[PDB]
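Model the placement of chain L on the given structure of chain H, informed by the hints.
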Amino acid sequence: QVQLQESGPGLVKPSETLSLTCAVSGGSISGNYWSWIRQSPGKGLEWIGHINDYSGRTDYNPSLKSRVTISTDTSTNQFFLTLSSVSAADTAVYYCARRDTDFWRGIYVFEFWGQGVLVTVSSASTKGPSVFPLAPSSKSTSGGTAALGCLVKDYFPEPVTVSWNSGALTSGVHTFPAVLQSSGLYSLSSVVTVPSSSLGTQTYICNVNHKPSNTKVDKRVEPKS
Amino acid sequence: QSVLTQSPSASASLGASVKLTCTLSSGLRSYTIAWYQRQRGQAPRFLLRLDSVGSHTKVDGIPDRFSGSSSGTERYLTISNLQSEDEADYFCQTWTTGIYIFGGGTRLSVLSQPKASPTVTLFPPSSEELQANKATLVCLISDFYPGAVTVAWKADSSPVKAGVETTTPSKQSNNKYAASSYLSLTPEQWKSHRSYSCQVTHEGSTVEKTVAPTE
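Residue numbers (the entry's author numbering), protein chains in the order written: chain H, 1 to 52, 52A, 53 to 82, 82A to 82C, 83 to 100, 100A to 100F, 101 to 215; chain L, 1 to 9, 11 to 27, 27A, 28 to 52, 52A to 52D, 53 to 211.
Excised from the complex, chain L in its bound form:
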């Protein structure tokens, strides 16, 4: 049960400071970790090693605004004076008798322009598709910044996870982002519920659109 736990996402604006946390399982509480950065389309970069008492090894080529500290089971990466190029996945790692343990990574968004909230357009299955014995709900998400969203689907009021396919956000020509999410149902499932909902979460706030088969 050697586990490194990281929150999946974080966001901050240019010039701010952020502290990312790696939490060590109790059996690993005295272990050394390494921090890495992965910028989009770039090779991961080793940033530093950090031991249980807070000593670290600075790495050649890594800006001084990256530093590390420790407290009990927690290992921190602090990034001061955030630059646009600091937007990246940050992941921690340790080593236990020839086994590498990785954290899940924290995706840090660094805003270099103001937050923009998503437009959400939800389409029900077409009658033509239902005649082909299929049903797809289409949730189109546009004009948001930063490019990080989560999507949750509901049947009536109950969460639905099966049959969901969601894109990674992609940058539009206007520098905001777009994404789409598709929910696959049988025609019988579609016609038997009162409604289905697509809920988009972006920087803490939510937008939920709903469609009903009786429409």
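Only chain H is shown next, with the shape it has when bound in the complex:
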């Protein structure tokens, strides 16, 4: 039946304009209610608006009306969204969709959806990480072992690479996925589980490489005295 696919930039700077395209196939020649919907983190879905491509007329969510434009290009089977003057509140997964025209028992529904595209409103620029040692602790590890690590804080964009002892230490290493913070910067942690008996003699260094900023840090992680 109807297939939909969103595309467009994944990042937009605050106060600038977000633009998205939807490519469709299997729609009607005329009379489609091409729609946009979004979902922000922690919130429910929110309708943005639609255009009917027989009448050419639009309907928008009143809270967004001043900032939204929806339009079509029938000749290339596409329709479009623009959202001006964006702020952090506009970070969301954006969906294109097609509304039904059955009005069964007084409801309209979205019969077909695209897979959605994440757009993040971000003022972040290339920035190297601060690297802090996470001194060894055996409180949460199995008998005879201790966990130690490095906190790789406030960098942009992804990725960072973390190795241990220049790649000689790979067993027991868990580098966690980064969190994207509200600041627009990433932070992650890399932890390695090692023998507690080794803490007095074996040196542990985390090697952090942030290729986007050409920053490298080799941080010794020492036991607390």
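Hints are computed from structural coordinates only; laboratory data are not their basis.
Virtual Cβ for every residue (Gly too), placed ideally from N, Cα, C.
One should not assume that every hint holds.
To be verified - Selected chain H positions facing chain L (Cβ under 10 Å, derived; list incomplete):
hint: 1; residue: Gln39
hint: 2; residue: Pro61
hint: 3; residue: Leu63
hint: 4; residue: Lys64
hint: 5; residue: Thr97
hint: 6; residue: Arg100A
hint: 7; residue: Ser130
hint: 8; residue: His164
hint: 9; residue: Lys214
Showing chain L alone in chain H's frame:
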């Protein structure tokens, strides 16, 4: 005050049945709703419409194990004989004079292997970070299944919500999940309390780790 209320999460194992509830505000008590499914990385799928007396519209391509029923202000989606692919966000929706109202969605986990409880590792701020006039508590959560947790932080015994950043769970190489949560403090806040705690809730059970600045 048109509101559709759904519980945020639910879990069940393969082959079981589950009933998800959408509760309609009193002004919407006679309204028709639609149910949708959103599987991870997939387009949302329209599942069915369901009116106040319990009639529904079956949708082409939707398995017969999805059905709907109604009772007063409540609208139900029942999924029988759960399959692994039924793990999804399920959300309800209605329409009121050109306004779309959505529920918040229920994230249903469908267990296809046994529950695994999380390991929780909590690190205090490093002395180096405190010297840089910052302080981050690091709560690392690993080896849990299904991939659904909530994290609560406490200062001494009081909940703390500001300064908290938590990842969505991500699948590890061993098919269990990992997540991390970070609490940002000032050095003065860190040194002034007796302790801070990271509490992880997973499938009803809780694990709480605590760190004290005097350590």
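The hints, checked one at a time:
{"no.": "1", "hint": "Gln39", "result": "holds (9 Å)"}
{"no.": "2", "hint": "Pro61", "result": "holds (9 Å)"}
{"no.": "3", "hint": "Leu63", "result": "violated (13 Å)"}
{"no.": "4", "hint": "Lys64", "result": "violated (12 Å)"}
{"no.": "5", "hint": "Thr97", "result": "violated (13 Å)"}
{"no.": "6", "hint": "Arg100A", "result": "holds (4 Å)"}
{"no.": "7", "hint": "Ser130", "result": "holds (5 Å)"}
{"no.": "8", "hint": "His164", "result": "holds (7 Å)"}
{"no.": "9", "hint": "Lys214", "result": "holds (8 Å)"}
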